[PDB]
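A selection of the complex's chains, in situ.
As written, the chain order gives the labels A and B, with residue 1 at the start of each chain.
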């Protein structure tokens, strides 16, 4: 037998950083969870018990905290590039670094219609993520994403015209609830290295905001023919609004809310056009996925 | 042996209700999870296999959906009172109904600075809850609450002056992070019945908003001596702003963020007044609880 692939490192590293502007008195906090896995010439640690090739996972943990001490942590696309470059440049036998970051929301509080200078709230379990693959001689690949954006529209969604056969019982509808947890990922053109990543820094926060904006606007306004159709439209617009993206990927659960027929009780009318009370279903759920790129 | 206490019913009943205003075109959604447990003369179902005393849990589920069909679901303090009264009035052998409701956030979306008429977002896993105990011959007890309000302030919290002995290693501090998940419960004066609950309806939403407001304002502004001291202040104000509350109860985790000493690496300065990078701790956590009422 032989090692065909190996990676190792440190996962679930929780990291908080504060920035204190001494002139203005205002403080800004950043919280994230980091995973760094390394590849390179490490097979002998698996096959021969040779630990001389191991940058200890503990040491990778120490490095994350140092790196966040010495550099900005925002945008995450930059922090990740810096962190991954560090490992491949610092260690000759390590040839790739894989960095994953989840950014947790700490939004500034409004207290009598005024931004408080050092108090924050988790206004949503929605995350901003990055996946950074820094590979020696191959540059820096970044996939940015948002996930856990949970939305629901109470009308202007339809699902009619779908295949029917001896497995089909679903009725066509011209009016239903649509609800989903939005997972949107946009993959950047390969960057030559850290210098190039630095050069595009302002695009990162801006493109995130755009993807979020486009997603919610299109979800809200599209008279959705299908989850398929509505996600295509989102993906299309993100590509059209930022040249440096090669692909946009959506993964959308269809979180079903079922009609409850209450006519068996005193002829109570709660279906079709009388539908007020619904049963949200925890499972199963439709899962719809689409990767869109450039013609 | 003998049955000293028994209750039974249906838990985790997910319920969605839509309200469609046909004049304005605007739709409002309400989502909640309901638990109804009943007590009364039911011991024989346990001891004799006599099911004639069981209002089936399935039937309790059916009743929740019907009741939400026939009445408002908001405020939850009312829906719960209606639902619990139903069971004790409808069934002679059932003498108490316990209703618990968790309200999930579906906030209306802003789409180009304008409230969209039928699109919504889960902007926080924060819940609004009620606990309604409708007891035959004893009226209606309501405990309202908010939970899962996650906050953090990066300075203006201190913890100094605490007992020190041979078990103590914690250092006094005049500047630390304070972060918590706020659980605040306010218990209403016993209501005589449903008529009385209806009479106070406008107080329910208003007092919820107040508790939330007071909590975030005081968390933000208090130069906190301790979590103890800061929660007392919140509780005090909620009582002072609403006469119908008998007690206010806070339960606050202290979610510790530890300093990371990086001086072992190139004399890097990250402690005391140089503290920028912190390690959020997942466990253990301080847990602080206080019930405040009227002198």
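Methods note: a contact is a pair of C-beta atoms (placed from the backbone, for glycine too) under 8 Å apart; a residue touches a chain by one contact, two chains touch by 3 or more.
Sequence-identical chains in the complete complex of this entry number 4, based on the file rather than the 2 shown.
The working rule: only the chains that are shown with their structure count from here on.
Here the spacing of chain A and chain B, counted between their Cα centres, is 29 Å. Every residue of chain B that touches chain A in the complex is listed here, in rising order: 14-20, 27, 29, 31, 62, 65-66, 68-69, 106, 109, 111-112, 116, 118-125, 149-156, 177, 216-217, 219-221, 257, 260, 262, 265, 268, 270, 275-282.
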